[PDB]
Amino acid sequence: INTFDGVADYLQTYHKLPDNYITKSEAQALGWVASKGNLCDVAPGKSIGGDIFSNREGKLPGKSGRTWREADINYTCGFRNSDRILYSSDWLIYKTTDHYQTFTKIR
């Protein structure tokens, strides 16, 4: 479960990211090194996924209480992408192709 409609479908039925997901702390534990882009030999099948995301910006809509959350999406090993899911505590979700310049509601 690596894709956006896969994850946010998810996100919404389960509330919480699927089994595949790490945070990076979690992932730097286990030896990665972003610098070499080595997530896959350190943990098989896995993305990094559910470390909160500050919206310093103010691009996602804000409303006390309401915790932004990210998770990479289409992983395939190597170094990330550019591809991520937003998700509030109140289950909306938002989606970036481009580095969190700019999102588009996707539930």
Contents of the next structure:
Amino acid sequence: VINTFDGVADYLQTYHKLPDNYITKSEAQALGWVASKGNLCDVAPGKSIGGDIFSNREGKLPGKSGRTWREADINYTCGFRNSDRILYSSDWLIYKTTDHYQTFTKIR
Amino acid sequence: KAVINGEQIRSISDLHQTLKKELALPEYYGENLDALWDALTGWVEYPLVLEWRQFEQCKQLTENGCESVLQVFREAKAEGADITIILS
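The form solved in complex with the partner chain, contrasted with the form solved without the partner chain above:
Full complex below, order starting with the chain above.
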């Protein structure tokens, strides 16, 4: 899998899509994902949650009306989800958080 | 089932800490609107029922943010999360 900050960032910049080991929340739910049971790998082995719209609700990432942000989980290897996320824009800015969206740092 | 006793909420940080305990949110919970969205759509157990008593007292706090917290719950419900909201 490609699931590290630099792994996913490099892949996004090169291919303009997430690696194959990502699925969205709704796609996971359709397969039987129940977040409170930590069961993503039971219904989608080797997968991580990622690709959903990121609404940037605290306005910490740079925003403008023509730019969409998305997010994906980083360092996930089954079980309950962690605090690590990559954030990527439609114009290919890439940021990270390791503290559950409290702070963000630009990485590309 | 989660209850917010608005009469006892002294700040927005108090609000997030109470949500963390009442909803069994992760220890790392970020106590911000993006963390709340993530927890309500990809952590919490369903069905979820939130009873926010005396929301009006939150509005009296100097810090803004009360409606924004409620809005995240409503947006998570609209996204498909099995959430019921009681304003009492």
